[PDB]
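Participant: Modelling step: build the complete structure from the supplied sequences, incorporating the hints.
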Amino acid sequence: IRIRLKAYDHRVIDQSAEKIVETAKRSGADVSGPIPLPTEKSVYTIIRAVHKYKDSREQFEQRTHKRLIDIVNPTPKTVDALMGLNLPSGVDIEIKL
Amino acid sequence: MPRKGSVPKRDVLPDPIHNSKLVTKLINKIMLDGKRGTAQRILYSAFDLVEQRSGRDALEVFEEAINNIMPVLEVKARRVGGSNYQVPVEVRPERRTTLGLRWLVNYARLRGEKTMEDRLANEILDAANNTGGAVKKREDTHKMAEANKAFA
Amino acid sequence: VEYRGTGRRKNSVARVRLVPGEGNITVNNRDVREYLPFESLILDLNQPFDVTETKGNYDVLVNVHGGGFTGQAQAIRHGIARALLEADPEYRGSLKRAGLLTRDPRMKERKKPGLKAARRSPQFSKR
Amino acid sequence: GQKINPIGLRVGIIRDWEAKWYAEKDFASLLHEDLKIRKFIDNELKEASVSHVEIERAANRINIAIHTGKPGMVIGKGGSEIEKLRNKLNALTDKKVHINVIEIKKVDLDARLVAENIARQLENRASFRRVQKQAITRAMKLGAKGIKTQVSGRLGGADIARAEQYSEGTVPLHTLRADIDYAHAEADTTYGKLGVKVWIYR
Amino acid sequence: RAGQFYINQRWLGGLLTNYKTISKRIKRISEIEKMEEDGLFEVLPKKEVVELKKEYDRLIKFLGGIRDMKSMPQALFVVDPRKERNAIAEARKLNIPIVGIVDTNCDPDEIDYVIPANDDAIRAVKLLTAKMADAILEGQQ
Amino acid sequence: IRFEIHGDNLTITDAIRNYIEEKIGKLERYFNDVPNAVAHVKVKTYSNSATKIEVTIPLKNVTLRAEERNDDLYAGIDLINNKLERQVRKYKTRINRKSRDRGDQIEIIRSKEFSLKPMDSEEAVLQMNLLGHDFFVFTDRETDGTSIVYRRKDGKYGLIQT
RNA sequence: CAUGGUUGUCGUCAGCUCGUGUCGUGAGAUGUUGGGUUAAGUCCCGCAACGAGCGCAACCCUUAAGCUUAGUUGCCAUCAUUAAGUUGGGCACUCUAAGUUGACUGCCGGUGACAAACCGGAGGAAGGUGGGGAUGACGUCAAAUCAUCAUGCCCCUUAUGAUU
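First to last, the protein sequences are chains Aj, Ag, Ai, Ac, Ab and Av. Going by PDB author numbering, the first sequence opens with residue 6, and the numbers climb by one from there. Going by PDB author numbering, the second sequence opens with residue 1, and the numbers climb by one from there. Going by PDB author numbering, the third sequence opens with residue 6, and the numbers climb by one from there. Going by PDB author numbering, the fourth sequence opens with residue 2, and the numbers climb by one from there. Going by PDB author numbering, the fifth sequence opens with residue 86, and the numbers climb by one from there. Note that the sixth sequence covers residues 2 to 106, 131 to 187 in PDB author numbering.
Check before you lean on any hint, since a few could be wrong.
When the alpha-carbon atoms are kept at most 25 angstroms apart in a straight line, the in silico BS3-like pairs for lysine-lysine are as follows [stated by the list, open to error]: (1) 142(Ac) <-> 109(Ab); (2) 21(Ac) <-> 97(Ac); (3) 134(Ac) <-> 146(Ac); (4) 113(Ai) <-> 25(Ag); (5) 138(Ab) <-> 109(Ab); (6) 46(Aj) <-> 107(Ac); (7) 146(Ac) <-> 112(Ab); (8) 21(Ag) <-> 60(Ai); (9) 131(Ai) <-> 57(Aj); (10) 35(Ag) <-> 121(Ai); (11) 4(Ac) <-> 59(Aj); (12) 71(Ac) <-> 107(Ac); (13) 131(Ai) <-> 84(Av); (14) 136(Ag) <-> 149(Ag); (15) 15(Ai) <-> 46(Aj); (16) 25(Ag) <-> 15(Ai); (17) 142(Ac) <-> 24(Aj); (18) 43(Av) <-> 131(Ai); (19) 9(Ag) <-> 113(Ai); (20) 61(Av) <-> 84(Av).
Since the hints were made in silico from the structure, they are not lab data.
Facilitator: Here's what the structure looks like:
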């Protein structure tokens, strides 16, 4: 079923993985838990100076923390967590059926 | 840290064929531009011609040839200004090993043949017979440091 | 009997196992002399089980992963060294004092910006 | 020396974000809608003791949290100006749903307020060293620990610019534990722009 | 035996005159030993345990006899004005009366209450500093 | 001995480009008897006050900077060459001190003095311990004789009368 | 070369200050010096100084060996119908990929006297700020940008702005 869990922070994607693994085991599920996909980082290397200087620069990076949740016991009580939208702050969930 | 004290010198790994540390140190100095295999193959084909032109095995011949290369006095320059500034100083045993390997290779590269198949082995048998070009600059150091002997 | 150890050096993981028999290595299901390039560093690669003298004792048959040929080698002699301490566990001091069982101590150094490559500063003219 | 700003060390290390949304596809254009309403909130409020804002976006119900050291002035008279803000903020974007506001105690220990209220003590052009000392002496009186602030250019009305900083208290700019907050204001005095930095701690 | 305040180590350099910063640290020795008898000791790093204890003994090295003293004194008793000339100079600025053991190589001018006795012998100290320590006990009752 | 000349908001002429090399150039050509170097001449106009001239000549060891804040760009170089010629002589007499006449080439018992003094044996033990000394010599308070208290190989004390 | 921002630079350079007290008619001094140690004004002794701040170490990130949790698209010793579907099972074991336990002169011996260090061991995978990154004190150079911006003053307005 492969509920995709990816986000910028690591404290938020871990506590939102604890939500979906808790709100599924209360229903009739057989959850294969969160395994961590490798992070797809990306480095941006701007230069520090206003006008001129190379040879002195600041590197920037942004990291997405990818996990996935899959269940293989679909009941209408299990999808109450799927229809039930929780923690919408900085996590998107690509729900596949 | 060359002013806190001395640098801790590190260990090397001896050769598998000759079972010698001195062979592997010769491999690393003829290793031009990090190519380990393409230089080690040439040394492994530059002591067969040694063992062809002399019946003895080359691990005896190597340490016999370098003794006509390794000098016993050299010149370290002391900043005395208006003096000769060239003090004849004997050689430490670590530099005694290294500087013989240096002259053996640096004049092996300036011979008539192109392949170091036989550029190297010709100068070894010259150094085994106390002649050639890498021997004759040891005598040039032994006509320079032994001429200015007023600074023992 | 399968004494399965791992071993790493220079961004190249190497997991081994120990089936009894004699000394014969099957790195990536093929011969060593046709896989490792020039046969010099293989007798340096046999150094860890040399001090326990188990030459005609163990076939290994490594599955290696990543790195280069001196990164795949020097990682299976560290590979079987973690497996030799579950074959001869009292012989740990024989491998600790001589080489193999230390570590993956060091890999390539980071390229700093404002520089050519990896601590080699570029040339400038006017001193 | 070239002291970098103390927030930039700590964003995510010992702090959090002033915008906490995510968008994989079309990351560019709906990032511009943030600093649309970072300019726009800073336009009509016009120092309504606003320290900083937060943006969170979720399912076309995009949240905005403002801190507002003088609370209620953005609210109005029982939900008047807060509803008069969503009459324009929901037009500059599509939804702008669930606009709200929280409150903060210690109105001038947040460094955005501390830089701003003494930068506005410079258009009346009165005693910049006391304008410094008003901020330092009040700081640990109200409960702070370390205070540090300066004024850079056209200092006092003269020609040559001179920095002038006053400090006491533990201000560990190099320690990554520290909750250092700085701010920079743009106080004009009709002979150039004066720049003023602050540094608070706890 | 007298119930008074002693000094064993060197004069700290202001413990009668700059003691608005010394009692700042007598407040510390009333606090730092309280700090580790209760909690707030397991969470600390094991080397910060050392310097919090390396501070602890060095307080009671110098200020060990000023452990329970929280105010200025009203008299001072010195064994030698030569080696302890830092204390006597602080005494005459505060108008505190002074009594001390002097001998040769000692100036009796700065001492108001002079005791001529030997100074480089133990019984010359101990059989003379005990009665002056005993002198206050029957002044109590 | 090139002259990378460049003027901040001043158009350089060619009458300057001969007046430089006669004074900045030639008077330092006979100094630095093995020369290969590049000079640098800045001319920075300031409409409020004046111009300024900066001449920097780097060498093997010590460079050569000088500045004049005059407006006459012909009389100011008469002072730049004055400051340049002074700095080279500082450099050369620093390294012309090569002429220095340098011609190449029992048991000690340390005494510790002490002055003998009268005391009790208990006092001598106290004072000896306050130094950790194994020997302390004194004159006995009641006997009047010279006495040496010592620590034996036993670890116990011994008393010698001399 | 009127400025705010912002960056090089000496330079990763180890320094720069303050409270209170003392000394000096005072400018000031001490603290910051002396003894020997360190990468370090880093510690330890000795001294009219006692403490405090900013730097330095550390906290941060990554790399080096492990554990626990969860094992897919990832990884197949043991099963084979290997075109290899790495497929069937899941093998989840190792590996890998991510959430955390641990290295500090903790621990010994020197003769070395206690004064911290240093020197040599063992203990872990790792050893003496482990390797590297980030972080750049007070300040110097009217250092570099009014062409990223922003604005004091000056100048331009059938143009010094526009459009091809």
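Participant: The structure should be examined with respect to each hint, and the outcome stated for every one.
Facilitator: Verification of the supplied hints:
1. 142(Ac) <-> 109(Ab): Roughly 21 angstroms separates the two Cα atoms, so the pair holds.
2. 21(Ac) <-> 97(Ac): Given pair residue 21(Ac), residue 97(Ac) holds - Cα atoms ~15 angstroms apart, limit 25 angstroms.
3. 134(Ac) <-> 146(Ac): Satisfied, since the Cα-Cα distance of roughly 15 angstroms is no more than 25 angstroms.
4. 113(Ai) <-> 25(Ag): 23 angstroms, holds
5. 138(Ab) <-> 109(Ab): Distance of about 18 angstroms is within 25 angstroms: holds.
6. 46(Aj) <-> 107(Ac): Not OK: residue 46(Aj) and residue 107(Ac) at ~39 angstroms, beyond 25 angstroms, violated.
7. 146(Ac) <-> 112(Ab): Since the Cα atoms of residue 146(Ac) and residue 112(Ab) sit roughly 21 angstroms apart, the hinted pair holds (cutoff 25 angstroms).
8. 21(Ag) <-> 60(Ai): Satisfied, since the Cα-Cα distance of roughly 24 angstroms is no more than 25 angstroms.
9. 131(Ai) <-> 57(Aj): Status holds; Cα separation ~19 angstroms.
10. 35(Ag) <-> 121(Ai): 22 angstroms, holds
11. 4(Ac) <-> 59(Aj): Roughly 18 angstroms separates the two Cα atoms, so the pair holds.
12. 71(Ac) <-> 107(Ac): 11 angstroms, holds
13. 131(Ai) <-> 84(Av): Since the Cα atoms of residue 131(Ai) and residue 84(Av) sit roughly 23 angstroms apart, the hinted pair holds (cutoff 25 angstroms).
14. 136(Ag) <-> 149(Ag): 20 angstroms, holds
15. 15(Ai) <-> 46(Aj): 23 angstroms, holds
16. 25(Ag) <-> 15(Ai): OK: residue 25(Ag) and residue 15(Ai) at ~23 angstroms, within 25 angstroms.
17. 142(Ac) <-> 24(Aj): At roughly 44 angstroms apart (the allowed maximum being 25 angstroms), residue 24(Aj) and residue 142(Ac) break the hint.
18. 43(Av) <-> 131(Ai): Within the cut-off at roughly 17 angstroms; holds.
19. 9(Ag) <-> 113(Ai): 21 angstroms, holds
20. 61(Av) <-> 84(Av): 19 angstroms, holds
Of the numbered hints given earlier, the model fails hints 6, 17; all others are met.
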